[PDB]
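Participant: Here are the chains, one letter per residue:
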Amino acid sequence: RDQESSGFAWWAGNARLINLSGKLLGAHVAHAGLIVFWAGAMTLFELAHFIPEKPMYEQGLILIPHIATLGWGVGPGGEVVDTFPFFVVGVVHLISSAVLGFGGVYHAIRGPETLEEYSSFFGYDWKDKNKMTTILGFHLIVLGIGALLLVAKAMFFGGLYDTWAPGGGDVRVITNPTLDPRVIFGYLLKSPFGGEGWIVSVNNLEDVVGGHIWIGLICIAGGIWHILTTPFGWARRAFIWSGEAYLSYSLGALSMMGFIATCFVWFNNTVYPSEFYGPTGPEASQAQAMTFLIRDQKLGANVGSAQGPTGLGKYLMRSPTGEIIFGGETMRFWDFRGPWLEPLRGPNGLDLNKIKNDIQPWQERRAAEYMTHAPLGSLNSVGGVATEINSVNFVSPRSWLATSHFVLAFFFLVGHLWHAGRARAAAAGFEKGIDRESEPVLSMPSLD
Amino acid sequence: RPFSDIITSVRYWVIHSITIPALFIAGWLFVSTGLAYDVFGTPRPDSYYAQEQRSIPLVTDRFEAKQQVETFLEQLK
Amino acid sequence: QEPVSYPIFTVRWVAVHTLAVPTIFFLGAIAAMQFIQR
Amino acid sequence: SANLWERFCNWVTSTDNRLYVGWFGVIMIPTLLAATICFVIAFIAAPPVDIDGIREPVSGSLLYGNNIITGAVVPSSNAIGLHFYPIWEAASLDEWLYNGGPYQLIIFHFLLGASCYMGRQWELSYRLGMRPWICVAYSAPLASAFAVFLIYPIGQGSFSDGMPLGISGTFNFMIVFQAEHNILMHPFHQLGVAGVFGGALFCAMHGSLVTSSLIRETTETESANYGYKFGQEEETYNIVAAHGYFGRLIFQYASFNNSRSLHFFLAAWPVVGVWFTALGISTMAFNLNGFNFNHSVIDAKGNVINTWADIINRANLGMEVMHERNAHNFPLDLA
Amino acid sequence: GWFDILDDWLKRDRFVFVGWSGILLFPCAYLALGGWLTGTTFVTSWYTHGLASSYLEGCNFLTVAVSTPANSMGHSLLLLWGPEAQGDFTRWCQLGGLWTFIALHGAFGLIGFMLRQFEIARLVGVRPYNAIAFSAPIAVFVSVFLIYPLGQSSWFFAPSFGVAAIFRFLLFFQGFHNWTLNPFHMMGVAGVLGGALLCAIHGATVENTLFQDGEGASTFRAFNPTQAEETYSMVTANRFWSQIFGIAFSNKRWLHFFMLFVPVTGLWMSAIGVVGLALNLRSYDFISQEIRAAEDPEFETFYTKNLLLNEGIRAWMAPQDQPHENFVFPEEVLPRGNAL
Amino acid sequence: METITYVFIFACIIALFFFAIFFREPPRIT
Amino acid sequence: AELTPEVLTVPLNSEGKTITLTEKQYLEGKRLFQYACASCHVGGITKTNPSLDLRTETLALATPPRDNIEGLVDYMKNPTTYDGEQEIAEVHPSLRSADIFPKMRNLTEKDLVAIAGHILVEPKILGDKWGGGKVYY
Ligand SMILES: CCCCCCCCCCCCCCCCCC(=O)OC[C@H](CO[C@@H]1O[C@H](COC2O[C@H](CO)[C@H](O)[C@H](O)[C@H]2O)[C@H](O)[C@H](O)[C@H]1O)OC(=O)CCCCCCCCCCCCCCCCC
Ligand code: CLA
Ligand code: CLA
Ligand code: CLA
Ligand code: CLA
Ligand SMILES: CC(C)=CCC/C(C)=C/CC/C(C)=C/CC/C(C)=C/CC/C(C)=C/CC/C(C)=C/CC/C(C)=C/CC/C(C)=C/CC/C(C)=C/CC1=CC(=O)C(C)=C(C)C1=O
Ligand SMILES: [Ca+2]
Ligand SMILES: [Fe+2]
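Protein chains in written order, with PDB author numbering: chain C, 26 to 473; chain E, 8 to 84; chain F, 8 to 45; chain A, 10 to 344; chain D, 13 to 352; chain T, 1 to 30; chain V, 27 to 163.
Taking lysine-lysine pairs in the DSS-like style, the calculated list, with each CA pair at most 25 angstroms apart, reads:
1) A:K310 x V:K150
2) V:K73 x C:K381
3) V:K150 x V:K43
4) A:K310 x V:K50
5) V:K136 x A:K310
6) V:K73 x V:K150
7) E:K84 x A:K310
8) C:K323 x C:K381
9) V:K129 x V:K73
10) V:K155 x A:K310
11) E:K84 x E:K73
12) E:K84 x V:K150
13) C:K323 x V:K103
14) V:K160 x V:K150
15) E:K84 x V:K155
16) V:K56 x C:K79
17) V:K160 x V:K56
18) V:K103 x C:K79
19) V:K129 x V:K103
20) C:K79 x V:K136
21) V:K56 x A:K310
22) V:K155 x V:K56
23) C:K79 x V:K73
24) V:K129 x C:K79
25) C:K323 x V:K73
If you're looking for bench data, these hints aren't it; they were derived computationally from the structure.
Let the hints inform the model, and build the full structure from the sequences given.
Facilitator: Right, here's the structure in full:
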């Protein structure tokens, strides 16, 4: 048979395609089909259940909210206007899944089992440092165009959902992308700890759009550069050149992006609007303080001077560097910033005068909403604390996303280690056992 | 006789296509006919408490236990 | 061994049988339970 | 000199070192010496730490009233949260020891080094011509320290919520965890105990089967161990006799005869199970907790009929309601 | 003589070896497994713990269980035909007769099984270290499901057979016995945890220290079911660990005996600790700590902290966990921190 | 008095460690 | 041990007159109560202000009386403070403010009556549980 047990074992079947470019193409074309299929098929599933007059986060949605962010079918405050863009994006993908799926199935069971001969342009050689650097170069451009495909939707075709909208959350057209490298790349030099949050600290659409402009170019630039080159010297005396080794490198890459994504959806307020997803972890703990400082203040309590059990400040206290923040266990989230809460902040943090008479109703109910929709829930979807009662069936989209992606991100890091460990033994050549005859260890002096 | 052979013999299925669903439909009826509830003294959704009472029918003494249990069924529990 | 005869009512049959019939008599009840309303 | 640096690289990487200081080692050896040295001093002489940011210092060192079982190195303050607190961030050490500075210096260096320790478990295998993957087995216990020392804190918003470095301090981490996440009722933890229980189980199975089927080469009054010489050609036990016994205990096809498949299973089981346990803590770090079956079964009128799931909730409430006495000022525990 | 003929038959090599032992093992082992599976789906724990405990009532695989007998029963064996049930079956069920049934039966079933190992070992002519090992699990079952409740007021405080019903057994022990602080429980875990390490570590050491005996990648087929040479480089393994950990085995006979020892010793210790919890002779407190905490209100260790967690567990659980005590704890008496 | 006892045993285990790693019986082949 | 019509017969107005709900309305209310209340009133308490619960007695001493279908219904349309001396429709879901609390848009007089009925029926079944909090879980 073209490929059977005298290749690899059954459960390692797909490794039998390591050297059949053609068929190995069907896989990638058939697979890429499953992703479009899902994206498409799921969107329609979401929409089929979607209830306009009800929070998205209260409906187990995770795609419609992705579209909403790009400014589609929504308006003032994340209000859903037209469900058409959703239905569209959904069906379109679903269709393209059939097109791709066709090609996949075709290239894997009819077309050429190898490519090198049925066209030397597409056929390839793993150790062919140039073909590799080049195909990589092609893809580095396709991805680059994509990065601009966003910059376009935002600057020309409609905008994106800006929750920080001056008049209050709303679809806004970005016509002033931050292009200043000093700022853009500044983010990469930002600490990943409390406060300075690195990439996840992005907090306005200009930088988002601006930064994507830079990536699109920088990306396509490298796409051409690889098309027009070969790895230098070190680049060659450093890496392993093989089918597995290349995989591994891309495995460790996704893993890392998987962890970064987990933190983005968990912490970021901007590119993940609390209006479509739920309120952030810190955002919800903040809202409780808001809610009760607001309540009790109406009962005649002077929030500014209230002393709590420990003598720290029931409602307001100070952070380690002097700024006025909310008190209680919520002292850990004093780095939370959000449309609803900002108008209360002064140059020194929460201003006792604004808190004292500028709190607006929409804020009181925002704080209440977010307080009662914190990202706490159970596997069987029972919103709240582990000791809560059944009734409110809910688990924040931010919790779902974050966990799923930490698991995937993780296992992929194992995947990395595994495929990289195999590649290094494969190269030097011992990934199948120690040479009974020449057993390396046996030629080394005894350390004893 | 090597399971493999048996799980493949048309005789087998000819026998079990009858036997298996047989056993299934039986147990089903065991529950659906309310018989199981009596075989195991297990309360029906409407038999944990008497209408008003909110107390539990806790057996409180070993020897006169069975007797005590019977009385618990009395208060229409 | 032997002109490959084999008896119908073997030995292991029992072992796999006392764990057989019951397994179904239950998985048949347990399903019918799902329809018990409040 | 063939070239200093050329030489250096030959030593570092030398497979003739008593202890293989590798490339990963160059990062490991220092970070691990700092973590260890700071810990030992802390655990013995560090002063009380305001772990909960409420100015209520918890002393956890020997010289300040603790014994081995109670003593621990306390987590950085909650006032600090996830902020980086390197010594050079404090007006003084006195201030640094009070806000639990030592904790970070330790967890960060340890986690750093323990990773390189993995990177090393690969390198040496390479320099020796043996297959990799051992380091992948060690990815499980490491992925746990990570989950318990970093993921959980990132997820929860503070390092003060990371597992303390001490015996009792750990039980605290557990008891509270259970209350806030109901972990015992989470699939991942269960897979965890299956792997650990199972491991110990299998560890005993293998261990016994093998040891019990050893070929006789020893006296009646001579350690049965001597019947083995380091650097033997053939095997020291009858793996066919082993399989013969075990196959009869349960039944043949339910028994291993392939030493390679046996040993893969032997490694696969615990590592896979612990991987899930680590993903459990890393998952409940974002509040996706265990199953909540509170008041599920209710009777014909609407009354709540308790299950063991409920008796578990009461025990959890006790923990909830009593942990961190003075740290809460509001109704919901969202932190 | 019939005896040797009875023997002959039994010790006959079938698919599922019977043996003399089987005459005890199979009857019991099946009844134990059967009773569980029965109660799990049919019998309730209402008259016993005021709890729904079977599929028939609405419980799922986690919440279901064969709950212990009432506390009134005491240590009664609760025989189907005894003073309690009085031959009646349904009553027996409602009085938790199914617990002592599963308990006592399974108990003999563990005896039979170990005997089996012993019997089969003898026949096959191998050493009985598989039986010695299994003493560990017996001890656990014996001390926990029998010795323990035998020291308490009754079977009611023994662990009920079920998933969740076991988690409360855990939480209970923390809350009431402060079991995690017990030297023996610790050894216990050091063994199980440490045993699950040897398991994983040895397995990987073997799979990645193998010689090449085939031309394939999937090296599983490359194994000689018929001894001969060592299938993995014991010599290479030694050098590996000797350079990465500093210490390393070098006597497969010892490396394997060690693997029997570690987890069997661990479980034995965890048992003794419980045999002591029967008399409530727990490892609850450290007196020197309590004395300083009394006189000085600013002294706080992770230990004192824990004890407070226990107080809460006891106060908030005791009521629905010990029904026979008709506990009534007014809201004002319930220990609680601020706000929560 | 207690502190001293705890640290001593610890110090003794580390000493053991040393001797075990660097003063084991060299592991001889065949 | 069942939810009879009796358990469903709850006070309609202030002048003693009563109404009897049906197992359909009940379930329906229970569903609606989850759709627009549980969020904050899970189990009869009030997360964003634990001082005021849905216990029938609490609603009895409210002002005006909110312990009957008529009462709760008015409330779901034009909410007030416990002394009634102040309208709060701006920070509490209600019909006159569905633009601000969308979940309240669908809600029709039929729905409002069910939700109201649920509130008076629950404590009848659960009792102390309904009012109190975790203490009773
Ligand atoms: C070394 C080898 C390693 C091998 C490892 C292999 C790993 C394999 C992993 C496989 C699967 C992982 C599955 C994760 C499942 C998550 C299921 C879930 O989220 O499910 C959610 C649902 C929902 O349950 C329902 O939840 C419901 C309600 O929620 C809510 O509904 C209410 C209204 O109804 C209200 O709205 C309320 O507010 C709202 O929250 C109701 O309460 C229902 O009554 C309740 O039934 O799950 C249910 O029903 C669940 C019934 C579940 C039984 C589950 C068993 C799970 C795992 C067992 C593992 C055993 C392992 C042994 C291992 C041995 C060796 C390794
Ligand atoms: C997820 C994607 C995926 C893909 C794309 C492939 C692809 C492929 N595999 Mg794997 N494989 C997978 C997962 C996957 N595999 C998994 C999970 C396992 C472990 C269970 C294996 C185990 C395995 C082994 C052991 C072997 C392969 C082999 C092969 C090749 C087989 C060619 C053949 O004879 O097909 C046979 C296919 C059919 C009879 C029907 C296939 C129908 C598919 C294509 C489509 C279904 C969709 C729908 C009906 C199509 C409509 C499309 C629409 C547009 C009209 C092929 C390149 C073989 C190989 O190495 O070849 C060189 C081989 O020996 N695979
Ligand atoms: C993902 C990568 C991928 C790659 C590298 C290939 C490569 C190839 N295919 Mg496949 N194919 C794919 C996906 C892919 N295909 C999918 C998803 C399907 C399902 C419809 C097919 C269906 C398919 C069939 C039915 C056949 C091939 C054939 C061929 C080979 C044709 C020879 C050639 O160069 O003409 C490729 C042709 C063109 C480039 C002209 C197409 C012009 C229009 C209609 C489309 C242009 C597409 C794109 C948007 C252009 C961007 C321009 C840019 C400036 C913006 C070639 C090796 C043929 C073959 O068997 O060769 C041996 C053949 O009969 N392919
Ligand atoms: C197995 C199933 C699986 C599933 C269902 C998902 C699903 C998802 N992942 Mg995920 N992931 C997985 C596995 C999976 N992942 C694995 C194994 C990894 C590696 C660890 C990751 C790593 C990962 C990361 C790092 C991230 C996600 C994210 C996401 C979400 C992305 C939404 C999106 O638009 O797609 C991505 C879509 C594309 C790449 C297509 C490009 C489209 C461009 C070209 C155009 C867009 C249109 C343009 C703006 C309009 C212009 C019009 C013009 C006329 C002007 C989505 C819910 C993201 C997220 O939002 O998380 C919260 C995120 O940041 N995933
Ligand atoms: C991102 C891309 C990626 C790609 C292209 C590959 C590709 C490949 N991997 Mg790899 N891997 C990855 C990521 C990736 N991996 C990660 C992240 C991990 C860490 C866990 C691994 C771990 C891994 C191992 C340990 C092995 C491979 C192997 C292989 C080869 C297998 C051939 C085969 O038939 O597999 C088909 C695979 C299976 C049939 C696996 C069975 C999976 C079952 C247990 C679960 C499926 C779960 C499902 C998604 C959930 C629903 C379950 C249901 C019961 C409810 C193949 C070349 C094998 C090899 O020979 O490599 C050289 C091998 O031994 N991989
Ligand atoms: C002053 C200060 C700072 C004081 C104290 C600081 C502090 C916190 C100290 C904490 C320590 C402490 C008090 C701990 C308490 C726990 C404790 C002491 C319990 C003791 C009692 C106890 C558990 C008794 C019995 C139970 C038991 C058997 C436990 C066993 C645990 C154990 C040794 C597990 C093994 C772990 C391990 C690394 C094994 C490695 C095995 C080996 C090296 C593998 C290498 C190897 C693998 C192969 O496969 C092959 C083929 C070969 C050839 C080979 O080589
Ligand atoms: Ca009914
Ligand atoms: Fe072994």
